[PDB]
Amino acid sequence: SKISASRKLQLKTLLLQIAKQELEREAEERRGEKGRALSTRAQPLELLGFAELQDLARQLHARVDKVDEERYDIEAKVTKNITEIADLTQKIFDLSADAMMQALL
Amino acid sequence: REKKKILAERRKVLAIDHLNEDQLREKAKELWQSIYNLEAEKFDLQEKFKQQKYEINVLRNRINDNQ
Amino acid sequence: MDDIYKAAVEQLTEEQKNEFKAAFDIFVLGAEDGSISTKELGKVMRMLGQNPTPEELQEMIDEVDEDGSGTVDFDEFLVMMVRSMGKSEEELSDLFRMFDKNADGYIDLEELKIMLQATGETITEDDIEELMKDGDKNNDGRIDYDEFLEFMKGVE
Ligand SMILES: [Ca+2]
Ligand SMILES: [Ca+2]
Ligand SMILES: [Ca+2]
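Chains as they are written, first to last, in the entry's author numbering: chain C, 39 to 85, 88 to 135, 150 to 159; chain B, 205 to 271; chain A, 1 to 85, 91 to 161.
Source of the hints: derived by calculation from the structure; they are not laboratory data.
One thing to keep in mind: the hints can contain errors.
[Claimed, not checked] Here are some of the chain C residues that sit facing chain A, going by a computed Cβ distance under 8 Å:
id, residue
1, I41
2, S42
3, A43
4, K46
5, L49
6, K50
7, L52
8, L53
9, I56
10, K58
11, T129
12, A151
13, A153
14, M155
15, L158
Just so you know, even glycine gets a beta-carbon here, dropped at the ideal spot from N, CA and C.
Construct all of the structure, not just a fragment, from the sequences and the given hints.
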């Protein structure tokens with residue numbers, strides 16, 4: 039080989055060493071992406089008039105019934121993906151020293 | 205005039221259209237908390253859907269190449 | 001999983017290679033070719049609190065018999081010693102996506118070179134060459150998911 043296997047192994051270890059860091063960096067990006075998507079989709083509450093304070097609480101109640109349906113529709117898509125992933129993965133799978155050194159020397 | 209439509213919109217009336225202004229204060233709060241928590245579940249469910257399309261595509265490449 | 005043992009053999013301290021050579025010279029006391037056949041590996045195994053079969057004995061000789069002479073010499077004995085001294094597949098899959106930047110499902114040479122330069126260590130023309138033809142075990146200029154698993158065997 040053109041290089042030593044000790045260097046070949048040292049480089050392989052440093053490739054995963056940053057690929058992990060890019061994953062945690064990706065998680066921090068996804069954490070910030072969520073908070074921004076939550077300040078847009080869930081504008082926090084702030085106050088009212090006891091009469092026309094209610095028609096917003098009515099509007100919130102109707103929102104929950106729609107949000108959970110949107111959450112279900114994306115969940116059922118993730119659910120069906122899990123079925124196909126396990127189905128696809130099923131298809132492809134088919135295709150001592152230290153105790154000696156002391157008892158010797 | 206739908207039977208299941210009239211009954212659906214009544215869920216608001218039975219739960220909101222009847223009581224206190226000081227309870228409506230601390231009830232509209234928990235109604236937003238439920239949306240925010242469901243909006244958080246919807247974000248994570250969307251992100252996992254993106255990763256699965258990659259997971260599935262990589263599998264479609266492997267199943268083909270290994271034949 | 002092979003060239004991960006030669007690295008451990010290469011990084012053996014010359015004070016460790018001395019103890020192994022000393023223990024190897026007792027090992028082979030009374031062998032014609034001065035090497036560990038089945039008699040030598042037999043005695044020291046049954047007297048080590050074991051009792052392997054004559055057939056089962058050879059598969060430890062042949063596991064590190066890069067010579068074919070049915071006898072573990074000292075250099076093969078060092079590989080045999082480091083074999084008894091990694092990364093989960095589910096975790097290597099999550100990192101396989103970090104290499105595949107264009108998200109096509111493979112690791113071409115360009116994606117490998119970008120990761121290598123991002124290591125901060127000095128990359129050579131020969132580091133890039135040997136690594137690609139080590140991972141790409143059918144010479145298609147790319148590393149599919151199955152090869153990337155074989156590529157990162159036991160890597161810390
Ligand atoms: Ca030999
Ligand atoms: Ca690629
Ligand atoms: Ca390949």
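For each hint, the structure was consulted:
Look at C/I41: its Cβ gets to within about 5 Å of chain A, closer than 8 Å, so that hint holds up. Here the hint on C/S42 is kept, as its CB sits about 6 Å from the closest CB of chain A, short of 8 Å. The interface hint given for C/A43 is met, as the beta carbon of that residue sits about 4 Å from the closest beta carbon of chain A, less than 8 Å. A distance limit of 8 Å between C-beta atoms decides the matter here; for C/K46 the minimum to chain A is near 6 Å, and the interface restraint holds.
Because the beta carbon of C/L49 sits about 6 Å from the nearest beta carbon in chain A, less than 8 Å, this interface hint is met. With 8 Å as the threshold, the beta carbon of C/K50 comes within range of chain A, its nearest partner Cβ sitting at about 5 Å, so the hint holds. Given hint, C/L52 at the interface with chain A, holds; its Cβ is 4 Å from that chain's nearest Cβ, closer than 8 Å. Hint status for C/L53: holds, given a least beta-carbon distance of 5 Å to chain A, under 8 Å.
Interface hint status for C/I56: upheld, as the beta-carbon distance to the closest one in chain A is roughly 5 Å, under 8 Å. A least Cβ separation of about 7 Å between C/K58 and chain A falls short of the 8 Å threshold, and the interface hint therefore holds. Interface hint status for C/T129: violated, as the beta-carbon distance to the closest one in chain A is roughly 11 Å, over 8 Å. For C/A151, the interface hint holds, the least distance from its beta-carbon to any beta-carbon of chain A being 4 Å, beneath 8 Å.
Restraint check, C/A153 versus chain A: the minimum CB separation of about 7 Å is within 8 Å; hint holds. The beta carbon of C/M155 comes within 6 Å of a beta carbon in chain A, closer than 8 Å, and the hint placing it at the interface holds. Taken as an interface hint, C/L158 checks out: its beta carbon lies about 5 Å from the nearest beta carbon of chain A, inside 8 Å.
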